[PDB]
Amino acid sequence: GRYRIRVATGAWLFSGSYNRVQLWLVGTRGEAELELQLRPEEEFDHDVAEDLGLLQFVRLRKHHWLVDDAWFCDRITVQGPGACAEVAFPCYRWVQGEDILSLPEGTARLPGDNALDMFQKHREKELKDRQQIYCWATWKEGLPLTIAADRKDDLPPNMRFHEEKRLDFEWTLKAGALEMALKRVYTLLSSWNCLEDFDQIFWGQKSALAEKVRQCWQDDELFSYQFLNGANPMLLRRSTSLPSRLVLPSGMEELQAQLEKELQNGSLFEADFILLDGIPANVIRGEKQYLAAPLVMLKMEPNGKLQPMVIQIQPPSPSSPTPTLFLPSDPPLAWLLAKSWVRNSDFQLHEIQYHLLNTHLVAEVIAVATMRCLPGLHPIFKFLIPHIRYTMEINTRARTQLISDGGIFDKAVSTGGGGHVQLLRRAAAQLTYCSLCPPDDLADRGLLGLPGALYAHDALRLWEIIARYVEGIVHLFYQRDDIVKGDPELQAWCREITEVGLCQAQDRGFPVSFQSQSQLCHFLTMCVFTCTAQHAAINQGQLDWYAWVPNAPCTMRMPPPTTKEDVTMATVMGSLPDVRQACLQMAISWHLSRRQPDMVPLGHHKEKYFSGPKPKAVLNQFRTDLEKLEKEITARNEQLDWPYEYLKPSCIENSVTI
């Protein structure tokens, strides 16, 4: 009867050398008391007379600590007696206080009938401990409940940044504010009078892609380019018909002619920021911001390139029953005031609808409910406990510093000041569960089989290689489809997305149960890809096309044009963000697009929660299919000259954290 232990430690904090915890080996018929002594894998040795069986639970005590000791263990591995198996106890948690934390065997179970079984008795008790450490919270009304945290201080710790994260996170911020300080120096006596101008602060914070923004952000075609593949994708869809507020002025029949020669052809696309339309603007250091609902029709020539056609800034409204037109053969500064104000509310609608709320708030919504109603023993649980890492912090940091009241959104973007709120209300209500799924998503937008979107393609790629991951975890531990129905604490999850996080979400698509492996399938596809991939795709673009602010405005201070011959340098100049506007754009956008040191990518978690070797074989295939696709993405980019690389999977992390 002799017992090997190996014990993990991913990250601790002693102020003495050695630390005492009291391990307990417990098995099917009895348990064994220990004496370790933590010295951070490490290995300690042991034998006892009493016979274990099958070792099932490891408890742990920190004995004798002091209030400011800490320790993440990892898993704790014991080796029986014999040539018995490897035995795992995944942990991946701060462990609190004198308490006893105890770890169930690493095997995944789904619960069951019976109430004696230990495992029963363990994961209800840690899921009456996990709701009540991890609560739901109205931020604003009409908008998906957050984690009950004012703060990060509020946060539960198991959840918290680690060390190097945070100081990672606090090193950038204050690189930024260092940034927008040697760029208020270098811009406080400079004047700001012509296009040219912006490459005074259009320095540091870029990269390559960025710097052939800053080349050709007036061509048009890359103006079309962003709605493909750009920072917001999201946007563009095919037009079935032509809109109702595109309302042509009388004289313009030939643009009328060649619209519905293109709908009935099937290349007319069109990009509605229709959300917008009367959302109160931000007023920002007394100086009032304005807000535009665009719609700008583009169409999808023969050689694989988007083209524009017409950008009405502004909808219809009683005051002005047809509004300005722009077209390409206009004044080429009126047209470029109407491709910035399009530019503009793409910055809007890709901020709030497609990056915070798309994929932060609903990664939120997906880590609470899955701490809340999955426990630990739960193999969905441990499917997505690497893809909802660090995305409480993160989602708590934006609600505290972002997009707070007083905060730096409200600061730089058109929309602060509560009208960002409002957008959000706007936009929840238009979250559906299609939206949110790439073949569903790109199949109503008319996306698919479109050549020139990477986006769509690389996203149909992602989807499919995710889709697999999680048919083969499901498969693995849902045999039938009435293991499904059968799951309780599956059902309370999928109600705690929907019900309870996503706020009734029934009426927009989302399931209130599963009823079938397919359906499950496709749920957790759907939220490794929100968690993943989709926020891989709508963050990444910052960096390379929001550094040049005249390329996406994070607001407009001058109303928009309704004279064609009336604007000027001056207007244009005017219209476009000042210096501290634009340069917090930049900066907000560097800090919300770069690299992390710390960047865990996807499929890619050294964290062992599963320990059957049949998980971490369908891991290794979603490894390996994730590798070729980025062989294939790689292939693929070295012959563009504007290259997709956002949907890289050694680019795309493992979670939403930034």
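Definition used throughout: the rigid core is the maximal C-alpha set that superposes within 1.5 Å between two forms. Positions refer to the first chain, counted from 1. What changes on going to the form deposited in another entry:
- With the core fitted between the two forms, just one of 194, 182, 252, 247 shows a Cα displacement of at least 2 Å, namely 182.
- Here residue 137 does not count as shifted, since its C-alpha moves by less than 2 Å between the two forms after the core is aligned.
- If you fit the rigid core between the two forms, you'll see the Cα of residue 491 move by less than 2 angstroms.
- After superposition on the rigid core, the Cα of residue 429 moves by less than 2 Å between the two forms.
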The other form holds:
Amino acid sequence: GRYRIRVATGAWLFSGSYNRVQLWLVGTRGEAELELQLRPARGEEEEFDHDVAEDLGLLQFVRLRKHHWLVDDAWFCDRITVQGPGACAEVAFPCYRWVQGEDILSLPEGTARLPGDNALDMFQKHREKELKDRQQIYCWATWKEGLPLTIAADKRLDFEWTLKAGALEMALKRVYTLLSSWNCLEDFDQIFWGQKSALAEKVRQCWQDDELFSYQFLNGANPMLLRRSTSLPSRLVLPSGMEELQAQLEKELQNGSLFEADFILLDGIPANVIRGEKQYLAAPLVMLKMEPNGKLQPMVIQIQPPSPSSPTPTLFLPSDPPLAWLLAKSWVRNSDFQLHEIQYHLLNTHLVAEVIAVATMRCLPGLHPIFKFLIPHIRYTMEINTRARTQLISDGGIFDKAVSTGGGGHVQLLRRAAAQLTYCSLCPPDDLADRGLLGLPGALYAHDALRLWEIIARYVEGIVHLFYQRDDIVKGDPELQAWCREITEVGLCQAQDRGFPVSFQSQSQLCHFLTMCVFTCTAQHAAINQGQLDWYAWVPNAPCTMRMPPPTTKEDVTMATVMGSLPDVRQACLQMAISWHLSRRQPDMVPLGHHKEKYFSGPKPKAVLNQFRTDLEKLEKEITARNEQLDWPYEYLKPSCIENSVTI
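Condition change, the form deposited in one PDB entry to the form deposited in another entry:
Here you get just the chain by itself.
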């Protein structure tokens, strides 16, 4: 028989000209040792023809052993397609990994399989051995107690914070030295350098108007906090002489047009000590009304919650001294930065995707269809999360030197956010319905996220119904239930009380969970991550820290109070530096659904992926056609802008 082996190689660090790899073509009945002289080249899927004597039959495995290689040499094998005798289709053998060590690497058949009761099966023994190895090379590690577990620590964020921190402090000190005329609001202009978008310049022009401030809770960088008020909040205590606000609040409550954004998760979080001076934090509540034209308007801001020391806090109105109102809006924006960069971007998207990634690597073998479905969406997640825990959110890290929740309070905020990290909150048809953002016309994030949920759910159902045709197939899959408990009981630290499933009992439960996983890894991260390029490039639109306590009297708020509460040159330039470094477009960006890795080998999972791409193209056309009529477009959930995994 004539076997045609096409080797697709991702990357290679071959020191020599040619390297020899032994390639056993393991089939049902017999195997065939072949020697391959690897001469890779970019975009060259090296073909090798071989004439065998024995009949291997249907191929099942491909075994690779790097015969007498160099120590430094490395080879990332993408896939091995073997065309057997006759016109038989090119059987694919997904590798997509660094072939490392002198041990024999076994690549099974690319058709995805579920485990069975036959322990003497070749794919069953292979997936058991692969799971035993991948539970050894992927280990859970607790970073902080009460937080979800991480991967064990044993180019877009690749630096050293200890080496760069002193030079960054000297650079910020020289900016402080050559620029010390800071008294007015426009003085953030001379540090406003970079690739500012049209939306970023529109934020610069129009951040002070109340409708942009209200627009940020719906379609800003953090659209995850605004909920429709079913009742007035218990922390909203109105003092005497403010019965007109009470009448307006009850009128907007009865009309269903009352909305709230409560930052109560930040109450009691100890603030950072940045360069000696103690920063300050608050837990505001902004009450907003939905005007009949479709635009939110702010009703009231309560910067601090009630306390035993202050039973009724100051309620700042949009019809107050304009600088007190500006400072109240800035405090809300600072707290939106705090709850955005910790709860909704770091916890709800990064740490959840890292838990999904580690559990997918640990409990789903390479043959499993859910692994092949999820491995494009978990790429570089543990790497970026480890770099974040090493540099961004470490002790004395980036957050300890830039952000007011840093220095220890961000860990407490992560604990409090993981306390309320619910499975309802990670699903937009559940989160937006719980928050009452369904049917809202101006809620462009909610509309795009619901449309993405429909498309991603179509993708998930299309993949799942090929391999799980009945509910008892979902129940009887032990690797799937192990992956489910590894997410819920182990990775998310017993999150079954937070709505996460302990086991899968139906097709639809698994479909909802996998839709949540793909939405968290791709769409929710895009919606929570693309906002810092334009909304957070202007430091007064979202301060990273506040250097003064929140105001208690409106008439004492001057420009000196606003400018003293707003960050100085070092904190603001550091915040813009981080926001510019994190939200820049990397050249290796893979859009959603457009991964070039062919893990599945059947034509029907590929057809499901093509329908996913077609629906995403239709959604991108719809969002683009919607956005021309809007002066404030929502481009954060365009599928071309949605990255295929949490990589930043």
